[PDB]
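Consider the single chain below, provided in structure tokens and representing the form solved without the named molecule.
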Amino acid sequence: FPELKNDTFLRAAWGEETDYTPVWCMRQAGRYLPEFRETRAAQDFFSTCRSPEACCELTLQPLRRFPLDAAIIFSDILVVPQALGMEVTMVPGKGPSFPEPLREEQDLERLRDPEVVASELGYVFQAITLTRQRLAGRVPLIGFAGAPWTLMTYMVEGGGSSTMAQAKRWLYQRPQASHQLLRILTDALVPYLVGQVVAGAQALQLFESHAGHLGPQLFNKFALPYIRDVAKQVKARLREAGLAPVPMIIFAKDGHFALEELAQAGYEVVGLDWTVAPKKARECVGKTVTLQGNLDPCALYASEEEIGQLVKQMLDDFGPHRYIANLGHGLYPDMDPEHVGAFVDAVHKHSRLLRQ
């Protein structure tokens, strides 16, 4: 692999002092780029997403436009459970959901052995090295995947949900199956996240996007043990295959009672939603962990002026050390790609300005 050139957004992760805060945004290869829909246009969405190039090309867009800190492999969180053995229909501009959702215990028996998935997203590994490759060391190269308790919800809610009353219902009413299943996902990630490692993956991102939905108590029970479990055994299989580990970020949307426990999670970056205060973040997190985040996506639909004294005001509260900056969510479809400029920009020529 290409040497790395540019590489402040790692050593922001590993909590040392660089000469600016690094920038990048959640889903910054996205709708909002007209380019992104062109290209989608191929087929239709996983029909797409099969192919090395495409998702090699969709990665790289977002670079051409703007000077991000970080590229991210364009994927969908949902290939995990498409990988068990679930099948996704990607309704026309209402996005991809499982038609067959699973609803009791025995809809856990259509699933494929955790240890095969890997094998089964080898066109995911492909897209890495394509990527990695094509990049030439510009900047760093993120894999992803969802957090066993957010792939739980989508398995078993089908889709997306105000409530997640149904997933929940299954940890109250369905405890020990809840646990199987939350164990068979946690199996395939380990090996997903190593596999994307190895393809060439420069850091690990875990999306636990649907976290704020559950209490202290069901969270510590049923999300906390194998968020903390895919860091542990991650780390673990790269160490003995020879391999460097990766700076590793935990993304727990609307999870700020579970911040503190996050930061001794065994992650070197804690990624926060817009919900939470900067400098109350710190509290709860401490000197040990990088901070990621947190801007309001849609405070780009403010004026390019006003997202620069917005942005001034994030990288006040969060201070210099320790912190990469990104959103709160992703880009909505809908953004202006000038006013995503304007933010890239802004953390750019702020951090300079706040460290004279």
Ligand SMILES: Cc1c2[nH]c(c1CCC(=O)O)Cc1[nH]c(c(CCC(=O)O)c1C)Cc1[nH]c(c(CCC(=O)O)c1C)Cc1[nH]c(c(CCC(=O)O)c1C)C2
The other form holds:
Protein chains: 2
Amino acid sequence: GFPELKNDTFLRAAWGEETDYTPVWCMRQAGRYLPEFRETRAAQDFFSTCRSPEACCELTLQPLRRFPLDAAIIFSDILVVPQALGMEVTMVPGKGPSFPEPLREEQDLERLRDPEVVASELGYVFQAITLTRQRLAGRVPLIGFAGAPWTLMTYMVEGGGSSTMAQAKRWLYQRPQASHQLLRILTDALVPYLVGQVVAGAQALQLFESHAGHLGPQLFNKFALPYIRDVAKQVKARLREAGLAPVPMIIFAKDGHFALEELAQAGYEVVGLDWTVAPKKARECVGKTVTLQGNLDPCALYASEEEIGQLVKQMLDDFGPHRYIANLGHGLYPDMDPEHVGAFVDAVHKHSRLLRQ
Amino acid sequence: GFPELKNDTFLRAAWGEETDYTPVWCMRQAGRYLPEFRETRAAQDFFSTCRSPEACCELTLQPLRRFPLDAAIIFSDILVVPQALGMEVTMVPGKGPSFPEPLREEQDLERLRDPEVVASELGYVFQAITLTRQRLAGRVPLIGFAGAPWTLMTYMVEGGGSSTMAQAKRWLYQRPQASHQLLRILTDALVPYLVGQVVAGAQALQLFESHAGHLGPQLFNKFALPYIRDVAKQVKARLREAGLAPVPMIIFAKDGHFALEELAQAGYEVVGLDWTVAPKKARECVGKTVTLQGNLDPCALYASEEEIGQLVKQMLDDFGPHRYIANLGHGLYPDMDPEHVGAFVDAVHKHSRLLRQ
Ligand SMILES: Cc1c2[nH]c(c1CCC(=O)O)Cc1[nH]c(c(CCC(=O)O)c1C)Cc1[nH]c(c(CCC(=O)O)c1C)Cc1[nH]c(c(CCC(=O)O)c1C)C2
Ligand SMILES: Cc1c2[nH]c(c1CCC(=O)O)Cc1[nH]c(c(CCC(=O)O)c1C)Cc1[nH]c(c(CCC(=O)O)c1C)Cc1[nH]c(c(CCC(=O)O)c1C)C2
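And the form deposited with the named molecule bound, for comparison with the form solved without the named molecule?
Whole complex next, starting from this chain.
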């Protein structure tokens, strides 16, 4: 196996244990805001980068050379799963991901792979994880991840990003049967993939329901939540059955304010929050038995270093010291200053210690 | 290729030929004792400096603008090799180099790169060498370098400097198999790196066995010397096979008094000496068929310029005019006066000429 973990603060917090300080990581900590990321990425197309264990390992490590983050997240993408299901996907400059042949009718499901063979198609991800776990040498825990079923469905049907998800929601209302079929295919692909990430060396798992906020409560409960629940249940079961230690699982439903109570009951150790939910309100919705992660407005990092410190102070005061992992409320943007990211990390560490003594 | 070499005194001496005067260079001639070095270094972290061909070229050239040294040594560091093997390394203010995750058990070797890919990771070094060779414009020869296997092993296991090397020596005594494995990985990384330095423009190579003195004869013969021999043999072989002219190779084993006889038989043109060995004794140990380099106590440069001249006279008298390159017995210290370094250089040149006519 692997080097002994030296800083386990993130894991202890995820499981709800007291720690000496609040651990912090940043969504998209490996990203274009780092000049060195841009340089490493310049050599290959995006999905080819994802296919290279050494390139993924390098990108994962880059933020940790700059900042004393309490976790690493593997460099990959949520869209590797629809790709592995047999959909062609491109990264378009300045526009983002595109599926040139999205799913538009129920007959389109015929082209997908059997979900049970998807993990075998994602071996490159597992290779990256194993390599990164070795190279991290126990410094901090490594997080694996995937997209939640609904969020992946939206990319597969919309063919990319969308402001309304009108085509994907039209499936939910006009094609409910075919939608449940597709959501089950995705769940069945995700479970062995997530399990494989842990087998390969992942020490925690985060499921990104990035497109939660388009649904609202009734649709979310019918078409998103049952699959979010199934992923966590099945992953923990398969890990037990394999003789392995289950890992803490995080559910992040961006713009999912309306689902917080349900998500705290969905079998995830940690519930991630966007910046629109006030920390004290979130604590009320989720209760005392899950850990919260988040939730600073990423745009706050445009403020001066001093201002970032005061915003971080306020955030930490509102969350309190227990059952909390600090992060942004969404990923870092490409135009952010790495020094200001550094200021965020330093302020969490400094103030969370003051809030304990 | 490159400009014709104008002053080849250093090379002629290294190969054991008569020269009109004794050539001189100073270990760490690019260093903090120069105000202009401090200024150039202020802009980046140490390893980032090493990654910049222009910064390395500038640092290499700086001492040559002050002093008529008979060789330049490329600005780099021995620890680029363990870094290129996949270990993370930092420079800590006032403390020096640190590996936050040193090798402590045999399983830790799993995280290292295959040694055959290391040279590709060190392309930046070769870029610096090529640039510096061009910019030197034939003034004097350019020396490339690396750390010897044992010395690199000590940094990788200790995680930095050490007064005893107790952890690294514990490997030798308790983990001899794993030690030989690691020493072979390092040798196999070093050879293509050294060859690449010559391909890139290096005109001589120096291998630094800085931590020799901790071993004593039995351990040195089992764990240091075989790899010192292998590096020289394999480097010269690969250069021949590539159609290239082999370069003079220097072995400097600090505090290696006990190994001098063996080092003179290890396939290096030049044996470097620390200041604790009396020049006449060294000549006795090594014989008449290698060149000696050294060996003035760097602290002697704290003495007045007149005193430096007399100490240099005595040193040159003891070494004699043949098969000798003047240098210090260790690197220049940060608090030394550049004018006194100038006095050393001038005295070697002046007195070595008097000792011939
Ligand atoms: C976890 C993760 C993701 N992407 C990347 C990582 C690796 C971790 C890290 O980079 O630190 C690399 C990762 N992936 C991508 C990038 C940008 C790369 C580049 O510009 O070179 C990076 C750093 C490409 C990408 N990939 C994706 C998009 C968004 C498309 C849209 O506008 O709707 C984009 C732009 C799909 C994607 N990918 C991801 C999400 C979840 C968003 C959330 O809820 O926080 C989504 C929706 C998650
Ligand atoms: C050949 C060389 C070295 N370092 C440097 C050079 C470039 C040549 C030149 O600077 O003139 C730059 C070079 N490298 C460094 C510096 C200091 C830079 C600074 O303070 O800004 C310089 C000038 C950083 C460094 N790098 C290292 C240390 C020592 C750690 C310890 O205490 O054990 C240090 C302090 C590792 C190192 N590096 C080196 C050795 C061999 C020592 C010997 O036997 O003579 C070693 C052991 C060799």
